[PDB]
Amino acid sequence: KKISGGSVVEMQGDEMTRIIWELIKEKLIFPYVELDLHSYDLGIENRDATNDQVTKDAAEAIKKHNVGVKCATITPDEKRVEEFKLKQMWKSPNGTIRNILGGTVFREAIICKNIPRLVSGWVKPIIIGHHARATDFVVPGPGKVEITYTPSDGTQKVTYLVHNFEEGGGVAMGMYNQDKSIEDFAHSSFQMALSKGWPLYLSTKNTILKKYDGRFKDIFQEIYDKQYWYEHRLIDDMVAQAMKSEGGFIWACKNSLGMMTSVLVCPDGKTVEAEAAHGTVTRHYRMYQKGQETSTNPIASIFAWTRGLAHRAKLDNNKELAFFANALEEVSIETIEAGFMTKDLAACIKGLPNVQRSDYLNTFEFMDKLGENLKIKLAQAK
């Protein structure tokens, strides 16, 4: 009856996104898909109770099962330490997860025909990638700061003057990048393309950091010929090319939030972690706690699930799951395009002072409209 979805790592989160995450599972996922679900509770109280061990176990499960879908989580600050009486200022779960997995983060805004964009010409989305270290120190007083390279065979020594501090002190730092990290960025970028069926654009300073940025340009061109369209451009020339076009390209960059998605793509081409690019929407959660009506956009959170499920389906050659993930993305866009949307989107169209209650749906009404539309779409498909 229901689709056999296979192995998925799910991470529960905090505040308004936690409410939305449960609604998505109950209304959009669980009525259609059965999963061998590896669920980790990354809610702040559980991270505190387990001394953050839950976060490390979730990252290891993503590494083992290749598919991670994560709800937004609170990153503690002093105010959060007091609010929850935390044992310590726990590090960001996203930072912990990224450190364990590695990879490149790709960000993509979901586009709807009736929702204004930065450039009206944008019909197809733009997927921006950045690869995801330094030795800094105080220069106590006058003297030379030099950076040297000694090849391991001892045949040469190259010394570069960083600066001769003559009047006083300051600060200095040394930075590096290994060819393997640049290679991993290139792979993830060509493999983000091919999967999406779009062209790739690499942008660098190149005119300023000629040797550092030149190596990225050279490694990308080399990998494009040996193992794989693709084109390089300067930052200034690139933003101009983005001001034109219908969009629909991957932009590897070396240097409403409710519609912003994020995907971590590991160099292996096997592991993916998807999530909303926004936070826990604390202000809406405070309204919910006071009995006030909320209108929180679930699109970014739904697309974490669809990107995760589409990846799972690709790994397992599961056609029914691949169809479901795509159908849920289309239903989400189509619902908004038919005029049914949350307040943030009504405000993008009308301007916040001109938004009336009849222009939007509350959190629960929007989720119910998506559920009704999804039921219809899948019934007609079979």
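Residue numbers count along the first chain shown, from 1. For the two forms, the rigid core is made up of the largest set of C-alpha atoms that agree within 1.5 Å on superposition. First, how it differs from the form deposited in another entry.
- A displacement of 2 angstroms or greater separates the C-alpha positions of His163 between the two forms, with the rigid core held in common.
- Core-aligned CA deviation for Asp237 between the two forms: less than 2 Å.
- Core-superposed comparison between the two forms: the Cα of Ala172 travels 2 Å or more.
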Second form
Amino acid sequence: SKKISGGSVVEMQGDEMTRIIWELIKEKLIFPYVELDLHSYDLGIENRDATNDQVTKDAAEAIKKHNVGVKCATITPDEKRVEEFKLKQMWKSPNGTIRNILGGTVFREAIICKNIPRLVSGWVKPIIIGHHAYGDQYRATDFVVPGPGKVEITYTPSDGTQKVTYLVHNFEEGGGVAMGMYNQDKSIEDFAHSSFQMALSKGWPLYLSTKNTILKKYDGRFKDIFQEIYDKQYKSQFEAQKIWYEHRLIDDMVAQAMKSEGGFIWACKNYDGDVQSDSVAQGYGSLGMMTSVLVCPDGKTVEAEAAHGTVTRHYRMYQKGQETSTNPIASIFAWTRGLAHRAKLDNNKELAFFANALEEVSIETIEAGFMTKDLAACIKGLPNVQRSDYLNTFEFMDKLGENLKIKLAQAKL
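Would you mind giving the form deposited in another entry, to go alongside the form deposited in one PDB entry above?
Chain only, nothing else included.
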């Protein structure tokens, strides 16, 4: 039938294997059924170098303008990759630039298929982890104490008066290490607002984990800010949807997440959520099933992408003309989450139906027995997987396109 009017969507192309999969997704799953007003920005390392990383800021401002962006996995430069593509500078992570310009919080969620076993058996519903990516250990000032001496940390108000001196330690036996770290009230407030809005959107309870029994001033501030914002702006909206917010001790938090069935938002400090990420990805199965959504404190602008990288090994294989089996679920769901938020903003029933139908097609295709090699490894175990247990990248994309056409034709019966 007719194409669904999508609206303004900021698209950002990426690098390598995820870029090939991105083109496949656009050609076979989106454009045949959706007419979009695309604002494309090639965030590949090639075009990010030729523009001195201006295209990244342009795409971030386009997201600020149009409230919804979908992003392909991009190469983050390091020492070896500057020599690989012969770059000028070692440009910063595009994800970090977009995160700073937008000022939101990233939430990771695993896509569940009933036939894909999980390392934590009881997990039935997703555990959406929101990660405060500012300050703490990641903006700290650490140094080696080489000998006996005094380590103090001081606070001096801007007008110069009434300095407060906190004696950290007095080394009289050899040396050791010391460090000071900080965090901002504004960043914590943005983090709390994003977490509350994410919980209200997903319709799930919200938990914040700290160690305020030990760090009574430091983590107590996180607890206080979350509680103030909750009681003043979100309590009634939570109780209406029969959800709730609670502060938890990080010990209790990881324990209860270990023995729960899932289905909640978990707001973590920088170190905690960063330590998680990989582990939750492992516990749910494959990285190709993990999506990320950057939500802003206003709850209006959303930037969706896959939580995995560009899958460099599979691209290295694909360059030689070898058979690859790369999971596209996370990128497809980046597209579907972007389109679903677009439909919510535009009051678009057809686009909402299409995005949900694409998610259902993906999950049903996997649950019926068609999957890539990583999910087949989750089922059978890596050494026991054979070529007949999975489809390759292009075979799986073809199957998804077939089933999507079938379901959207049944949207006319």
